[PDB]
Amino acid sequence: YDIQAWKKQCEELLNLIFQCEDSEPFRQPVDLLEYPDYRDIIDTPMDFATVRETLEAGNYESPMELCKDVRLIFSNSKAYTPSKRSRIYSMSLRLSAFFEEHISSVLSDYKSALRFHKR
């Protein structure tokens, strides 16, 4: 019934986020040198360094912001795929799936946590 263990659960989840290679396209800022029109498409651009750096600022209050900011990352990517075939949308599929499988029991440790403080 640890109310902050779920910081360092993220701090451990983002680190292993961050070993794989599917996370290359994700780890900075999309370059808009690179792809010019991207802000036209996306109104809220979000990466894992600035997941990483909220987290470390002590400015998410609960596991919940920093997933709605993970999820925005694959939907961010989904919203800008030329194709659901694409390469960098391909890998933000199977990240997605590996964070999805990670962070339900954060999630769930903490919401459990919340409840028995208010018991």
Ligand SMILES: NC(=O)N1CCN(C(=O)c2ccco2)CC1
Second form
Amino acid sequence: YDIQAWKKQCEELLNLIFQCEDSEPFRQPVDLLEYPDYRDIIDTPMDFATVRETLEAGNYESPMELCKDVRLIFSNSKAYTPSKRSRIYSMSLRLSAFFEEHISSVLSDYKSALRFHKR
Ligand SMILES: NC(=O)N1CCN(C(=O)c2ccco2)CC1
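Next block, the form solved in complex with the ligand, ref. the form deposited without the ligand:
Starting with the chain above, the whole complex follows.
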């Protein structure tokens, strides 16, 4: 029933994601010299350094907000990919599966703790 536990749990999950080779394309923003049309396709860029920095600045109120930004990293990859078999998109799918598998208990525990708090 710890309402604040999600933050350290998210920090540790972000640490695991940064150790994963599949996250390399998603750690920093996309360079426009390499992908000139990126902002024509993607209106809201997002990356794992921005998520980690937002978390560490105390700018997420809940793990649901963090989850929305992480999911935006993956939807941006799906929207930008020219093919469903591309290397970078295929890395996003594995990383998304890993993230969803680990974030599930973080979300469940937070929502349960909040319900207990408001009982
Ligand atoms: N850091 C980068 O330069 N990226 C390249 C564009 N991105 C993609 O999701 C993507 C899908 C298919 C090909 O690239 C984000 C990562």
